[PDB]
Each structure stands twice: as C-alpha cells, then as structure tokens.
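First comes one chain, alone, set out as structure tokens in the form deposited in one PDB entry.
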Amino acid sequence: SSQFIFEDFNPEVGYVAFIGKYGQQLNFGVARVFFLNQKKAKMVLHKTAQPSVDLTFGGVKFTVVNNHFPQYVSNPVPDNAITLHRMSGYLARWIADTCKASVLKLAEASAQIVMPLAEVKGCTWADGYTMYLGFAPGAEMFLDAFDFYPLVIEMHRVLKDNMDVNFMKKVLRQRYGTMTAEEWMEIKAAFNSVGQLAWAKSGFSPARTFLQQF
C-alpha cells in the first residue's frame, strides 16, 4: 500500500558540459570538501523551497537542481542538469580520468580526498582506485569507467546488511559501452570482483577483540 509510481540521454553526455562550466575552474582539492559534505548538503536541500538552489563547495558555485523537496520529488530532470547525486559521480569520473596510468597525479588524489562510504565499509586506496571510487553516489553511472565495481557494491549492501531492489533498480539499467553491461548475461569481471572487495571485508575499521566481531 504505497502504491503507484512509477517505472520507465547518456550518463556520459551530461558529463561533458562541465568542461565549459566548472571544468576549467576546478581543482584537485575541492573534491575532498564535496565527498565530506554531501550528506549534510543533502539535508538542507529537503527543508527549503527554492527549486534550483546553487551550492558552494569551495568558492565553487554549482547550480544544483533541487530534488529532495516532497513537492517536486517526481520531476523531469534535464540532461544539462546537475543534481547533487549526478554531480557526485562526475567528480568521481573526473578524478578517475586523471588517475588513469598517471602515477604522478594518482597519489595526489589518494592523499587529499576521502569519500567516507568507502572507509566506513573498509576498502581504502590501498586496494585500488575504482574500487574506492565505486562507493561514491553516481558512480553506477560509469560502470565502464569503474570496471563493474560500483554495481556489485550494492549487492554487498543487500548481502552484508540489507538493501531493497529499489536502491538497485536504477543501477540495473546502466551501461558499459552501451550494449553489454545492461544485458546481464557476459559476467564482465563482475562475479570475480564480487569476491575481490568482500575480501576487503565490511567496515570493522576501528585489537584482540573477541566479543564476536572480526
């Protein structure tokens, strides 16, 4: 008894616009801010009333289309649009794009930024990049750029704790180079990488501690 609502542009299309606005005027540091201020940044976005708030994350002003107002919870979100969620993944890609092969640039990003959702689950850069980034909301948008990692991470949310199908339905329509990932059945490094981060174990990061937890 809920009851209706709802069901049925490339995720990499929206991405480009940023190279003309916010792209050229951006930095390797400001990301730390974001990933460490999004959850409270989302709280305020649900109280007020101005349909298209513009958020600041480091003197950097994003025209962030507002979503979590009960009024317009269900809207037609534009392709140019840059909602909190969408906006999060693009940072995850930008820094993913910079941390490909370039060992020089890689450590700089690893040292300065932290998406909490990764470390709380216990992963860290010490095991990859992509594995780590695939925790950021909006990472499910680029499973072709995060190898298939952010998809199965949500399994480990249904697995380790529990997550509904609704918090998985959106990720299960996403695409790796279109075609392939949205098919479900070529097991593209997915079923072998469900066993390569659950090996990192869940967030017991904070021993000789016997009381049932390991």
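Numbering follows the first chain given and starts at 1. What we label the rigid core is the largest C-alpha set whose atoms superpose within 1.5 Å from one form to the other. Compared with the form deposited in another entry:
Core-superposed comparison between these two forms: the Cα of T180 travels 2 Å or more.
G195: CA moves 2 Å or more between these two forms after rigid-core fitting.
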Given for the second form:
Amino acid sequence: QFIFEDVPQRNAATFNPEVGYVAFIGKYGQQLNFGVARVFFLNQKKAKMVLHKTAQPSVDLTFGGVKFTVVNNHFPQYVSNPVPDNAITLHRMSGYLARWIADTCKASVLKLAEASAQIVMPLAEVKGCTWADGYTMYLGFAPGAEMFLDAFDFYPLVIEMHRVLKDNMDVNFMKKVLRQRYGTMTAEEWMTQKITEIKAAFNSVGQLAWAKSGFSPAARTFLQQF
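Okay, that was the form deposited in one PDB entry. Show me the form deposited in another entry next.
This part shows the chain on its own.
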C-alpha cells in the first residue's frame, strides 16, 4: 500500500504490562477458563499465520468460544502500527493468559491440578519441561511471559539466555526481555541486585533436559550411526 503516515514517537514506553494485564482481566476475566486458554496455546502459531496473511489492522479472534479483539501487527505492512496501551496483540494476550493461569494456580492445589490436566505449552515440552517442573517454569515458556519476570520467577529471562547459548537463537529476541522490569525496579537494578535469584533460576533451567528426543529405541537408529 502506497500511503505512509506518522507515527509520532518518543523515548520511554508508556506501556506498563501490569496495568495492561489488569485491563485485560477487566474486559475478559469473567469469560476465561482453562479450556479457553488450552485452545489459545495450541492454536497460537496458527492464529499468527492467519494474522500474517490478513489485511485488517485489527481482528476478532475466537478461542474456545470466547471472542477477543486483537491488534494485527503481523501483516508486513502493519509491523510499525502503534498499539494502544490497553490493547492486546497475540503476543500480549499470550503473556496475559499465562499470567492469569499462574495467578489461578498459585492460589489452590485444585486449580493447579486441573490446569495441569487441560493446558499444554508446546514450547516448554520440546525442551523437556512438563507441569512437573512447577507452574512458573512451564508457563514461563509462553510468549509474552517475559513481561512478568516477578510472577514467573525470572524463568523467561534465563530461558532466553539458554536459547542463545544451546540453540543458536539470533542474539536479538533478547532485546525485549533485557529492558523489562522486575516487580519493584528497572533492569539495571535487578540485573545485579537480584543476580543471586537469577543465577539460581538460570541453574534451575540449566538442569532441564536438552531435550532433543523421541523414545527408546532411539536404541535402533544409533545402531545405524544415528
């Protein structure tokens, strides 16, 4: 398209994920359940492909019967459109929903047990995670979880570090997480004042499985030089 517009922009983000989250709970909270989040997280790659080929700057997406108004910045032309502070992109929505699950799971053993039986995080799994490793690590794998380092006990930060180190993830992608804040204070503040917690959580994820695999044998293909 042949029309180009401003796009005023400053330094300092006005976006505070904590306020965005609460606005999201305000709008959709009464409609959420684990089935709705279950559908979101298995169809999240698919919805992104839809949005990538869809030429409206905002789209109504329905996951498990609940309809969400989503800002579409995936379609190439829209990649630099401004997003309101209380609007949800696919990425933001994913982080909010992960945070909602964790807020529901932190409270009660019963809610944890049902979340664990219904909700699948394809991203955690392929690294050998499972609900067994605790809700904060498993849900910390969600896109957008890096907006809540406090709620996910630093896991999204160190999960990304490990992705640069063990996988060959473009060293970008870490751009966002490195300027997120932690509960109280800014990055420069938690970068060394919470270094002990971070090194601890780095270690926790560091003792997770590889986990490039699919069942024994395995013993079979090794026999043929793998």
